[PDB]
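For this view, one protein chain was removed and the others were kept in their places.
In this document, chain identifiers A and B correspond to the written order of the chains, with residue numbering beginning at 1 in each.
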Amino acid sequence: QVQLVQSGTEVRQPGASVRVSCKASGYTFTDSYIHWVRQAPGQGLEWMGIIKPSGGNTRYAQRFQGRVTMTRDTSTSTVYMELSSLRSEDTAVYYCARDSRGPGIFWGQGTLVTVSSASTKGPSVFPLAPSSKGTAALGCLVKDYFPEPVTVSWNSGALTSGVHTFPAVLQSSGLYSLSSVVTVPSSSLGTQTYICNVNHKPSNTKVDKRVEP
Amino acid sequence: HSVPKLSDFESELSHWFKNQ
Partner (left out) sequence: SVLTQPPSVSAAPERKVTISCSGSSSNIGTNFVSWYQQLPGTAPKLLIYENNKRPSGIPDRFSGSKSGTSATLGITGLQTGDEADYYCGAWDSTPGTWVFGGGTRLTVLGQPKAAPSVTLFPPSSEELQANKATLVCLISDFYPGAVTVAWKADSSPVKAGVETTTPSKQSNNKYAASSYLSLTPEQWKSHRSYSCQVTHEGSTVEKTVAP
């Protein structure tokens, strides 16, 4: 069970530094190279660099030669990528990958790094009630939050059928808003309470809101 | 020119990715 686990989302001001971590497991760390590749929101893939886990030898791309440093801890089997002089084009999902004559079979979940001069804003969760009286929809509105991302679960993760978390809208204010719905039979209205668990990592927001009719 | 040093990661990678 080779698994590459990455750190969490990070928000940084322009001109700062970010350190992302990639813990490798299930194989001999020194037996394979590690690549770092980034994907900007709505764009394609960009290779950032490669690290040799034995001696710490590194090769970086010219675009990031001036802003990236890669390190390794052989004891904990972890690679570390540090990007400095951060700018708005560094806002992206960064991935680590084990080598297979290139970026390979085993990748990481991805770490979203948002570089912005704006302050992080916590979300406001409001219940979205079914309303009129078969299929019906209930949900939670996560309003006026910056930056991304937000994770929404239903009933602490026990509810996974009929759950659709819609993509967020960027308003003119620069803040984001999202809505998460559960589609239920309308015959089951009034009989079950639903709880949305909203998590906004940039603002330490863990809010549980009840949607009941 | 000499034979590349074993510390030359660029040559080691150019040999790792090469397709004869």
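We adopt the following convention: contacts are C-beta pairs under 8 Å (C-beta built on N, C-alpha and C of every residue); 3 or more make two chains touch, one makes a residue touch a chain.
J.: Among A:24, A:50 or A:115, which one touches the chain that has been omitted from the display?
T.: A:50
J.: Specify the residue from the set A:137, A:159 or A:189 that touches the hidden chain.
T.: Residue touching the absent chain, from the options given: A:137.
J.: Looking at the whole complex, which of A:1, A:28 or A:62 touches the chain that is not displayed?
T.: Selected residue, touching the omitted chain: A:62.
J.: If the missing chain were put back, which residues of chain B would it touch?
T.: 10, 13-14, 17-19
J.: Kindly note down the residues of chain A that lie in touch with the hidden chain.
T.: For chain A, the residues touching the absent chain are 35, 37, 39, 44-47, 50, 59, 61-62, 95, 100-105, 107-110, 124, 126-129, 131, 137, 139, 141, 143, 164, 166-172, 177, 179, 181.
We adopt the following convention: only the chains that are shown with their structure count from here on.
J.: Could you please state the distance in Å, as a whole number, between where the Cα atoms of chain A are centred and where those of chain B are centred?
T.: Chain centres of chain A and chain B, defined by C-alpha means, are spaced 36 Å apart.
J.: Show which residues of chain B lie in contact with chain A when the two form their complex.
T.: Residues 7, 9-10, 12-13, 16-17 of chain B touch chain A in their complex.
J.: Would you pull the chain A residues touching chain B in the complex into a rising list?
T.: Result: residues 33, 50, 52, 57-59, 101-102 of chain A touch chain B.
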